[PDB]
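In the block that follows, a single chain appears as structure tokens, in the form deposited without the ligand.
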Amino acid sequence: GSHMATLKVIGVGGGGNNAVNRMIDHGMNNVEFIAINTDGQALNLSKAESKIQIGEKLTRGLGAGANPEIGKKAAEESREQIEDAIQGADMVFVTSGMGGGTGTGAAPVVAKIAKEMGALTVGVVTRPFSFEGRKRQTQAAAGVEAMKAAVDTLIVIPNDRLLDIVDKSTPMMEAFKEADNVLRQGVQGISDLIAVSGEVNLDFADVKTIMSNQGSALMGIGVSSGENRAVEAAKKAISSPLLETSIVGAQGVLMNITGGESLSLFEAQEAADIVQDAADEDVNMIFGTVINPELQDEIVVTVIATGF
């Protein structure tokens, strides 16, 4: 009697659906993708197997014209279709760009529906670039607050952080792929945790304990080899330049270390200590270990931090 958790990733609005499209291209297994949009033109280009056009009577098939009230009403008008799409989910990631009309207004409705169905509900959203102006930022902030009230856990990516990782020539689409990686690697990290029985095993119940009704979250993965690999991988897992919520102040952590047969007890301690020292709190750790004999010198550290 084993459990196989059903994970769904739901893009809401333009940015959320483009993140979904790029995740589908990258390849993702045992995850169902759902695309939700008012904009029928964009929805027709989605690569997701489940598409939900919301608000057609309201927008005549256009987007929401930057009006979050239209996104919200569109989603409410389509509650039954959204429910049907979520059915069966054990975990739902709702991804959306805040500041426009559809994501800002509809993404919190989608998240609330998922949570009401008992699914562990994680939001992964962007805040707009400052160059998009104060009004867009203020609308986005109201969306972020509505998301907080509707999810178990929330990861916010301020788009301005992308300006910290580009040079003057980095293509915009390349920068967007870096933001996509936050979602994709968090999903993959949970998927991998569920699929393998670890030598010290963590499972979906541990994910639920760390993430259910917690507020802000960090989800990261680090990979390193050679000398100091465990410390370096742990540092990478907790240190993304793109996150509003850093590791500092976390009081709950799920941490998994995967390595080959050379994985040492000492380096597992070193990695665990990096995470708790950076948190600078009494951290309640759920610690796991997977020995993958295919691996030679690589170590992979996965962190989920909550409790801020």
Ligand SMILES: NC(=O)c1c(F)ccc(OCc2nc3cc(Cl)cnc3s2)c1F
Given for the second form:
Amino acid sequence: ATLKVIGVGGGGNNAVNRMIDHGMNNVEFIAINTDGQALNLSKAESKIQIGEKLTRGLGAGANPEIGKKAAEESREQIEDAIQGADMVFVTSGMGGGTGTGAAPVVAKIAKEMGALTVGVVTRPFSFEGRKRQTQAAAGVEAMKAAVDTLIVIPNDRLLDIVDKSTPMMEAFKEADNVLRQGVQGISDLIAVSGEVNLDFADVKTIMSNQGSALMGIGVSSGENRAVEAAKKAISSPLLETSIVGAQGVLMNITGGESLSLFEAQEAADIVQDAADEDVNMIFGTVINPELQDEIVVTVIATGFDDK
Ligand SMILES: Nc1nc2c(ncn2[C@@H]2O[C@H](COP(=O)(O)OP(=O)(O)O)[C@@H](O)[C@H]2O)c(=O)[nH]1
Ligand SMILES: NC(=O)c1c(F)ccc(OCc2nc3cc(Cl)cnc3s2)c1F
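Counterpart to the form deposited without the ligand, namely the form solved in complex with the ligand:
Entire complex below, previous chain first.
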């Protein structure tokens, strides 16, 4: 299955560039921007400049109407870059002119090209002011209507995970981790035949036309490793959507030859208990003999009923 990561606007493009810098294979990066200057600096193999006649190579200067018009006019260029994709991840910062307006258009195009469409967007910091928050909210709602599943990261949550000295770029890398882990994790699920196999169809079942989603990973070792990894996987300090309310979960447990049945049940019970509703679980398991004493629990949670 073909996986594509699309950065729309300033923040989306930045997330794409920091992910390339980190290292990712089997994934195509597409950079979409009105801003020609930022595009020339993109590390993405695929670059699409939208609304060149509309903005003259500049940004959309906080007007979502410009980003929407710019993406529509370049529908053909967007389709060609997407072509072949089975799954499309659209990343954008909401609140600006480009991301807010263009990202939902890009998402609708991917969805109409038969791609499983996942949005990973940020809401602006409260310090950016009320009008920026209002425009982002309209962009978030438009994103929800265009994608299969939407993961929202309020930028204010980054202030909950930093200390007074944490560099801003390091804080931004922590938000990139949500998308990065989700992308790498899905790619791995598709590439590896697990002892209890999960494949692209299982990803579609959990993600198609769902609305809100939670994505998480937890790594743990030693005593109580399964419970610890599962609690970490469902913890959402950066996410708007919490595990509470999830009615559907795709959950995978990766472990060495020591992976016990008892601990797989302990881990699945943490997920079932945390949700508050009975969850329809799509359970997976992988035996990686290289992991030794480490256990990795991955979760994709949906069924919040809000598309
Ligand atoms: N977490 C994060 N947020 C960003 C980043 N860059 C921009 N933002 C946020 O995204 C919103 C829109 O900015 P931007 O993507 O540059 O605007 P655009 O190019 O017009 O769509 C800003 O209001 C900030 O909240 C980034 O690198 N990381
Ligand atoms: N049981 C399997 O067929 C299998 C596999 F053989 C390799 C990896 C797997 O899952 C990896 C994942 N990693 C992540 C991270 C996030 Cl943040 C969300 N979801 C996932 S799913 C699997 F489910």
